[PDB]
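Peer 1: Kindly produce the complete structure, drawing on both the sequences and the hints.
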Amino acid sequence: XXXXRXXX
Amino acid sequence: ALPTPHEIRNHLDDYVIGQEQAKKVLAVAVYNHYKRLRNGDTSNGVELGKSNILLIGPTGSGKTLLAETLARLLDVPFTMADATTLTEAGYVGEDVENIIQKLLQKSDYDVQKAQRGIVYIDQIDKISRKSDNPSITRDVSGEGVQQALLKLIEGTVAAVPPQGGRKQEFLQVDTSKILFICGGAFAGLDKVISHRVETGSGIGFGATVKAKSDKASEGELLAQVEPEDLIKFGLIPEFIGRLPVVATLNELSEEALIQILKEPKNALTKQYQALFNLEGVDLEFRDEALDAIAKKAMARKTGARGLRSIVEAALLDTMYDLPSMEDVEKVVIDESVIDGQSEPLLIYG
Amino acid sequence: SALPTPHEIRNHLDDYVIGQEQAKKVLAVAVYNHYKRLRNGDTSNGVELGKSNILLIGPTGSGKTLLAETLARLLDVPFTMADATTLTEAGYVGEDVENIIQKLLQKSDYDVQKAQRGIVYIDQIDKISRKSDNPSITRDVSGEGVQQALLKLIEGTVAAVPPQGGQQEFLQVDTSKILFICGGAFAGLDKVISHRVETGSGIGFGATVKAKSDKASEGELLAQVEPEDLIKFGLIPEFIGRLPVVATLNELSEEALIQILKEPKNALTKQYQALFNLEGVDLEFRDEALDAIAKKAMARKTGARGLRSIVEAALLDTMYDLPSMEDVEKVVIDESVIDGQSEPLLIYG
Ligand SMILES: Nc1ncnc2c1ncn2[C@@H]1O[C@H](COP(=O)(O)OP(=O)(O)OP(O)(O)=S)[C@@H](O)[C@H]1O
Ligand SMILES: Nc1ncnc2c1ncn2[C@@H]1O[C@H](COP(=O)(O)OP(=O)(O)OP(O)(O)=S)[C@@H](O)[C@H]1O
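Protein chains in written order, with the authors' numbering: chain S, 1 to 8; chain C, 63 to 229, 233 to 414; chain D, 62 to 227, 232 to 414.
Please note: incorrect hints may appear among the correct ones.
Below, in silico cross-link-like pairs of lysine to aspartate or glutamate (DMTMM-like), each with a Cα-Cα straight-line distance of 20 angstroms or less [unchecked claim]:
1. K330/C / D294/D
2. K297/C / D194/D
3. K97/D / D382/C
4. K192/D / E291/D
5. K366/C / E234/D
6. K361/C / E293/D
7. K164/C / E234/D
8. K164/C / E159/D
9. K242/D / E130/C
10. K175/C / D137/C
11. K192/C / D194/D
12. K366/C / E293/D
13. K366/C / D294/D
14. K277/C / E293/D
15. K242/C / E303/C
Derived coverage of chain C by chain D (criterion: at least 3 residues anywhere in the stretch with Cβ under 8 angstroms from a Cβ of chain D; other residues may be distant) [unchecked claim]:
16. 200-213
17. 316-327
18. 377-388
Keep in mind the hints are simulated off the structure, nothing from the lab.
Note that the Cβ used here is the ideal one computed from N, Cα and C, for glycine as well.
Peer 2: As structure tokens, this is what we get:
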């Protein structure tokens, strides 16, 4: 549904 | 008849101590909420305005305590939600609409009784933007939550699954008259106000260098707060505009902690007294020990909730051995016991 | 209906743990008092009875995780061991705080009234302690955010859990009465405490300098911990206020290591004794070998967990050719065997 993709 | 600010405040004083300005704001709001709904569709001054509340104070000041104690005396429905679990634009977490759904559980799906309810939110600081400028990338637990609440606070239609559903039956519930009580201990706000208020920011002769440890008192600093200060914190002006009222609390005074353990009914001293009452053992707490505990608690800078560490650390040995002991009818804890240089006196039958 | 006492439960944990008299007292008082708050059914004058969580702190391999494991055996009420390394701020892909609750219900057979009185344990809590300045630049999904989410879980709330994972319905379970025992070896906590206790750099003429004569001992130093010290480490004051009690554990000692191999039933010495019992061979361990093993383990700076490397590295050659050998009924390990100068003597039946 919702993708929480984050990279430091 | 209806209650009054003096009567509702007298009730909260039994459960809360040392918060004068905070009790006044909630009393006027609750006292005014009955007036707005009662005058709805019967007063010529139609489209009555609304005024939400935004509580602010240090940790352990009594924010979450006021919401619980208020439900005891409040007649209309009340709920206790949290900002941290909300998610904007229908993501993995719960949606804004879930807040209204929890209200119907306590209201028994009474829409006419749900619109006149009150709502409370805790830990509002968790959704604040980390930086002053808007985040370049999308945020799931920040600014977006504020955006979805704008139309909610002002007033908007909502979708609520009546029974056995998450996402073909929707009940409409307006929100222009629903009250919202947001609260949260904003961390780091003292640094922002100092730059704005002190304005020194210098090293030379003409620039002033405030003497170490005699400045920016949290109690006196929050009083000078303004909406512009929260913008640098991360909140959006559109969100703060929905909450005109602001309440500035104070840090727990040394004298206040002594009263919190004696005057309230749910004090820790009364709690432990009941813990040993079933054990056939009494308890005592002399004034010489209370005043000494106040200096230890304030050093922790944690609030009223950091008091159990001082008490349980002292009564650890005593509680560990009291059940094994027999013919024990009363326990006395003098001031020395708190410092750790002595052992609590025991009285046998 | 006679409940156990601290002296009785301490005898059980003493069989599995050694040299943790300070930590065992805390778990005994909490478990003891937990049944008292549970026993009450709102039939006492005291209301809103207090809660007291526990925060275990100790070196690596000192036995923190072992205390929670053995505790669940003798414990009647449910118990869990939820890893906190994988926890993520609610609203993100990785994980939610709710997952912890779901585990508790599997142990209690989905008994809400029986799960509310359960116990919860968390490991590796230092993994979420963010070490940084105020994070204006970025938002942490596993650091500061996770700790804030936990605050709502504690002190009282209502959450949502699927019925065994799944209807589109959830069950509400209060958590005001649920106890939490968070514990994780905080690495680097000694350096921050030293600044508070040493009080000086000592590059000047007047300032005193004791670089190694008065150097702080790690064991003693943790005893002097306080909540303000943890704020520098990364913890939030709001998080520490929920955990007033603190338990500091001492490092292993040469004398303590010898008792770990003999008194506990789950000792490594007894493990290898049973490993060869099925093979029809006896095992022995003389005291001269234990004293040498203790010195080698302390140098590794790993604790009790760094003991198998000393044993298995020595008995590698012996175990490799033990099955092929015949008529061997007993084995003796001398001090020289640990040093590697000689080989372990073998006996023939
Ligand atoms: N004014 C007060 N009078 C008496 N006890 C208080 C008061 N304020 C706090 N306490 C004590 O502190 C406990 C916790 O109070 P809270 O309302 O949770 O403080 P808090 O500021 O809301 O914490 P937050 O918002 O999660 S940072 C209460 O259960 C009381 O025991
Ligand atoms: N007091 C003790 N007596 C006997 N064995 C112990 C003791 N403490 C630790 N051990 C051994 O160490 C193993 C692991 O102990 P742990 O509880 O994991 O230590 P720890 O402090 O939890 O390390 P962390 O926190 O997981 S890094 C146990 O399975 C035992 O074999």
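Peer 1: Now tell me if each hint is right for this structure.
Peer 2: Here's how the hints hold up against the structure:
no.	hint	in the structure
1	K330/C / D294/D	33 angstroms, violated
2	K297/C / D194/D	17 angstroms, holds
3	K97/D / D382/C	18 angstroms, holds
4	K192/D / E291/D	18 angstroms, holds
5	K366/C / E234/D	42 angstroms, violated
6	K361/C / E293/D	12 angstroms, holds
7	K164/C / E234/D	13 angstroms, holds
8	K164/C / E159/D	17 angstroms, holds
9	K242/D / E130/C	16 angstroms, holds
10	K175/C / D137/C	11 angstroms, holds
11	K192/C / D194/D	12 angstroms, holds
12	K366/C / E293/D	7 angstroms, holds
13	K366/C / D294/D	11 angstroms, holds
14	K277/C / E293/D	18 angstroms, holds
15	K242/C / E303/C	19 angstroms, holds
16	200-213	holds (count 4)
17	316-327	violated (count 0)
18	377-388	holds (count 8)
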